[PDB]
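Enquirer: Start from chain S and add chains P, X, C, A, Z, B, E and D with the ligands according to the hints.
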Amino acid sequence: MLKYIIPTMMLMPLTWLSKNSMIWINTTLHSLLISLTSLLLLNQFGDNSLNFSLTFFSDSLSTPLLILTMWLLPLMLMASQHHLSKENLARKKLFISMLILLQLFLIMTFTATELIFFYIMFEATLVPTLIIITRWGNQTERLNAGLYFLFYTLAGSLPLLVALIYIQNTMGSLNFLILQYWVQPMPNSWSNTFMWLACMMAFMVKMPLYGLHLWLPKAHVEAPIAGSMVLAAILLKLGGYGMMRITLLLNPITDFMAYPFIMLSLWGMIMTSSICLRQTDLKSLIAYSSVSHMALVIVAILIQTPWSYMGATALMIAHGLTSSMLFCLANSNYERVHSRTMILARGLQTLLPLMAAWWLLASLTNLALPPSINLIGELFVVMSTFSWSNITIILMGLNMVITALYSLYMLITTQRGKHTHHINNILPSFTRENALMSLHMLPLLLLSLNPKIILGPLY
Amino acid sequence: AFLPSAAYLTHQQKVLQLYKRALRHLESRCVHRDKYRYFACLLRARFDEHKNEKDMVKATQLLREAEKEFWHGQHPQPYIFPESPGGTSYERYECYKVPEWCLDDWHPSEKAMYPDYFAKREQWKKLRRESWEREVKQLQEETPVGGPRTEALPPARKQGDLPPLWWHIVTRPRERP
Amino acid sequence: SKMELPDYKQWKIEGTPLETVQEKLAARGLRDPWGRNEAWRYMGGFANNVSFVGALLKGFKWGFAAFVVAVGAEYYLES
Amino acid sequence: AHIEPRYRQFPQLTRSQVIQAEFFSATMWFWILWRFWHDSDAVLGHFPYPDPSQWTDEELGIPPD
Amino acid sequence: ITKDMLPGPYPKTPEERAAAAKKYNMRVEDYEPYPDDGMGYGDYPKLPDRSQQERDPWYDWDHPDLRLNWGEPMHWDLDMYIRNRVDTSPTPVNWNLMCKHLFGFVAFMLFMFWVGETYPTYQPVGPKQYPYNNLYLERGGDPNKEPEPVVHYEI
Amino acid sequence: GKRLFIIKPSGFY
Amino acid sequence: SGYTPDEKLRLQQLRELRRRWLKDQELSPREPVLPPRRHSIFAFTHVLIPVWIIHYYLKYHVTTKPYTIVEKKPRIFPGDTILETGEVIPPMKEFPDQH
Amino acid sequence: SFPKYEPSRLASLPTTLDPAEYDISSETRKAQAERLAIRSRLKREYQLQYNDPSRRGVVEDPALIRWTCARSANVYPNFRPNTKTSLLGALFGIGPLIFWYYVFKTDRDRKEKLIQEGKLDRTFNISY
Amino acid sequence: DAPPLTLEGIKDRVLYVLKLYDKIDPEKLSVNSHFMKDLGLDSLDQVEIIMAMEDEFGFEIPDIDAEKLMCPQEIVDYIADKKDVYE
Ligand SMILES: CCCCCCCCCCCCCCCCCC(=O)OC[C@H](COP(=O)([O-])OC[C@H](O)COP(=O)([O-])OC[C@H](COC(=O)CCCCCCCCCCCCCCCCC)OC(=O)CCCCCCCCCCCCCCCCC)OC(=O)CCCCCCCCCCCCCCCCC
Ligand SMILES: CCCCCCCCCCCCCCCCCC(=O)OC[C@H](COP(=O)([O-])OCC[N+](C)(C)C)OC(=O)CCCCCCCCCCCCCCCCC
Ligand SMILES: CCCCCCCCCCCCCCCCCC(=O)OC[C@H](COP(=O)(O)OCCN)OC(=O)CCCCCCCCCCCCCCCCC
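Chains as they are written, first to last, in my numbering: chain S, 1 to 459; chain P, 1 to 177; chain X, 1 to 79; chain C, 1 to 65; chain A, 1 to 155; chain Z, 1 to 13; chain B, 1 to 99; chain E, 1 to 128; chain D, 1 to 87.
To be clear, the hints were calculated from the coordinates, so they are not data collected in a lab. Every residue gets a Cβ at the ideal spot worked out from N, C-alpha and C, and that includes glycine. A couple of the hints might just be wrong.
Unchecked claim - Stretch-level coverage of chain A by chain E, calculated; a stretch enters the list once three of its residues show a Cβ under 8 Å from a Cβ in chain E:
hint	region
1	4-16
2	26-33
3	36-45
4	50-62
5	65-73
6	88-96
What the hints assert, rightly or not - Here are a few chain Z residues that face chain P, going by a calculated C-beta distance under 7 Å:
hint	residue
7	5
8	7
9	8
10	9
11	10
12	12
Excised from the complex, chain S in its bound form:
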């Protein structure tokens, strides 16, 4: 995986030696080249993962998250270069360096063969994200949002550190490839109950679990646009990736440890979706919708059936692209009206028709319109949860009502109705902005042609 680590590190002298007008173009160009190179990871096999070395390996779970991670960096550079135009040159290079460092930490988070190196990268991703939120966020509450984002995560993750070192001392290894073959069943005891909580609660915070999600409608809201893109599209998915790696070791106790948390998501996705019906802040609506979508991934990983893991990894990739595009649309209106209040700028289809078409497409992917991979992941999770217990379709189907009802309300409040009279700085859609919307939406639509690459290791 060193053929992706070294170009990502060479992005640092590429941005610190570029000319002062050239640091966006060069980083965008070569991060798109790294994203083009990322497709070589699709050398996957039906039985064996692509096992590079003692340190790095990539199965069909890590591979779509790697492609999405390496694709998200140029899109974040395009999204973030407008509001940092008057920024100091060295602080601009520090911002780009934090994004590059975050990509570097993520692409060897997903390919970490051994789990304590997974933990070190998984918690190394906090520091650039924390710095981006608390340094280039816009409002006063970015500092409190950074504190919440840091301290839910560490309070979750330090028992994970203790539990992973315990697995190291007991099983002798934390290689995932070794632990595929040396995994011992985990019986019913209180020691194994807190073993399960220590192995799971960090990823429960990072998904986020409902009830532990409180960091997110601050951290996703107070961040700048590149911070919201990487938090929604990649950094929530570290929790689901780590759950799919760690629930190998947690059988068969998971079959009765999952019961509270499944409830916490199956009711919680009803609640947060309902919360999206009454959000006045558009960016907070997208944050609570991210919680609502990741609750299904939490249920699908806890019920641990093949259809559930396939729908969970499809829904993770699909939600990455969809929520990243939704935050970019919300920023494209924030760069004009300078307020995140959704009721302020109305009737924008009269003023920006092509941008309203992008709003329509991202809303339809948010509400899981078939045959998008949003609907593929949504549908496979609903199939597996119906096979889990037949009553859950109620909480699924009711969810799919409310998920429509905030997605089109977001489409109706912002784009439809009479336009606001006193707002007159509504510029036409820049080419950078429409390029950003298309570079989100067009891969999300092309993946419906060949969805088998985003369906995990057990397609």
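Expert: The following block gives chains P, X, C, A, Z, B, E and D with the ligands in isolation, referenced to the frame of chain S:
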């Protein structure tokens, strides 16, 4: 009740508005024109019966039970004009009513398609920006202390001045753009 | 461009149901001041509209004629 | 020439719309009468409905005891 | 915008109530706050809980789609009482009478469907008669087994 | 004759 | 009563400015100043070329794979002649004539 | 006589059937005139900025910013844990979790008990 | 479809509806004949005149505007402003 110029409705205004609402709901009940015309003259006679009532408590009481009469005898789906609020074509063309300032955001290759129109728009914008300071100082020299009392605006008192706060009334979009 | 409105003096309510309305209003001491406004609806080409069975039997005469011709055609054509 | 709008009076009719409207009305009544002449049983009844009370006990096998 | 124009805690003294009413651009006699039970409202005015459909539509509003003026203190559930949503407008029939009529009609129709299901209509005929042992091989019967002979006679 | 200008947003971009 | 003299004066002045604005929304005879820019081809490009493409696709890529175009077998009556065999299907038993 | 209109929470009383609508008293005249003055002052303050040629942007509405700040940030600094909020947080926060827990637990216990006794028709169920 | 209104056409139609009203003699009526002062009509008659204007032109005049149109020229100017004639 709720009016821009007046703080209230007078009793006479309440009687007139009840009369018009009663005739519209009667026309909704009495579809054909001759039959409506007969019952409308009968309702006009009912309003002419208590026209010269001088006891204002008695007139207010009669207006109140006439409102209760109307509320019992209203049509469930009254006739609404198509562009009236509640109509079928009400606020239909609001998606086509693009404001004028968006013409400022046009590219010069699509402004060159209409040379005379934008050359004529420039003198409208110039007239507005030279009238603006005169009409602000007209508003501040005429508004009483404590702010304005009603939402009415004064007219242009001098020759050469334009009325204050005139741009978004004159340059509003058409009803059929 | 310039449209010519017809004369206002040709709209008289005699022979229309507005006359019956005005007579029933004068039977109790009233008078009908909007009769000539509504008078055009009951006059001109909009007077003498058909009944409902006359509405349904629009074209029944020519349809019955074509029916009898076609029945006679197949009654002769079999021979 | 297209239709000129009129005020408080009957509008201008084209010959073509009148003859087409009358032609399709006559077509409807021709079709109704023609199919009523030929089929005559989809409306009034295809087969006779027999009376069960007029049936003999011999053909239904009711031995008298 | 600054600190003293933002919403604050629940007013208890009449001067704090008057400063709150001046902040929310409304009269002191019209300014009622929410009851101080600790639900998180603070000094925010309890506007009289109407939909925005009931606002005068012929009035020139600053926001004509919302029927709402600039500077006017918005209702707490303004996003709820928009005209795309929950209406409170006066109904020609009483609300309780509407509920009683609709519940009576739906319950009576479901009761009469239960009655007609208990007492179904039919025709004075016997069962439809099929050959080959009520079509045993056609209905998916296996050919190695043999059904009992279902025999239909002439009548 | 009597052609009216249609105020529309900028369709150039 | 109706308007005050101030309201009549303001509505007259706004009306004059509005009628000037609406008149000035008209067009010039040169405007819009534009920049300087096979009988049954619809039956060829939209129909016949898709019949060619779809027939090639179904003949050499779809029917070359099993169970992709699965047709219901044709209906066989007493009295038919099979094309692939020549085997005459024997006709039905004689009817107990009812009318 | 006529049936009296009974107003409800979602079907309010008409303007013309309210007995306070016909107040000719001087205190109601003062209240309506003071509301007219507040509304006219806010209207003038809006449309001075709204009709400005030099202004290009958003006429900020402190009523709107005030509403969003009350809906978002003012909720916890004006919260007090008392009887009402504790019973509503236990009733609406952990109540449905307990409810769906016992429902799904009883359903899965019944289903597992049927499966390991060979009773559930699981004949073609091979996708899970 | 939708023929454009002019000031002369609206004036002709408003005076035409007022010449068909049996409480106004059509020889005294002009464009500035005030209904309460010159023509001597009731306020109920003014309401009925505005309702006949609504039935004539097909759009509702609100009461805050209906209670102030006191001569036919005011009615023609109001219909002109609400329909944007002489474009
Ligand atoms: C590998 C090769 C692949 C080739 C095939 C392509 C496969 C899909 C790729 C992506 C397709 C969408 C891209 C165009 C739309 C987005 C931009 C836009 O709106 O432009 C409007 C604009 C035309 O409008 P305009 O008048 O000029 O201005 C717009 C107005 O401002 C305002 O405009 P408006 O609002 O009036 O109109 C917007 C309207 C809005 O229309 C709607 O909202 C209706 C659509 C939803 C309901 C109906 C469809 C439901 C699903 C059924 C269809 C899928 C399955 C069908 C198969 C049979 C059943 C299985 O959009 C459309 O009608 C688009 C038609 C296609 C829709 C596809 C589905 C999107 C819906 C959401 C997701 C649904 C599930 C996923 C489906 C994925 C399928 C692969 O389009 C363009 O100018 C086209 C730009 C270039 C398009 C390139 C497409 C390829 C991109 C990938 C590049 C790399 C690979 C190379 C392929 C190259 C192919 C040539
Ligand atoms: C985000 C906030 C919430 C985070 C929740 C994090 C998980 C919650 C549970 C964590 C428990 C502590 C780590 C357990 C590691 C288990 C490893 C192991 O081998 O266990 C078996 C071992 C068993 O010992 P052993 O394995 O050495 O013995 C051999 C085996 N037997 C027992 C059979 C002889 O367990 C323990 O020794 C103790 C485990 C329980 C520890 C209780 C203390 C902590 C209580 C919970 C704290 C939660 C977070 C607090 C902070 C919140 C925010 C401020
Ligand atoms: C074979 C079995 C058959 C069973 C049949 C009986 C079961 C179903 C019973 C009916 C349930 C649905 C009907 C109730 C909700 C209707 C919502 C709706 O459409 O409201 C419309 C309303 C405004 O519209 P309106 O006022 O009518 O428009 C007038 C013009 N201005 O719009 C709004 O106010 C916007 C509101 C947006 C948010 C809506 C929140 C409520 C969502 C309810 C979801 C219910 C899900 C149920 C799931 C069941 C699962 C089994």
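Enquirer: Look at each hint and say if it fits the structure.
Expert: Hint by hint, here is what the structure shows:
1. 4-16: Satisfied; 6 residues make the cut.
2. 26-33: holds (count 4)
3. 36-45: holds (count 7)
4. 50-62: Since 3 is at least three, the answer is holds.
5. 65-73: With 5 residues closer than 8 Å to chain E, the region 65-73 of chain A meets the three-residue bar; holds.
6. 88-96: holds (count 7)
7. 5: holds (6 Å)
8. 7: Status holds, d = 5 Å.
9. 8: holds (5 Å)
10. 9: holds (5 Å)
11. 10: With Cβ-Cβ at 5 Å, under 7 Å, it holds.
12. 12: holds (4 Å)
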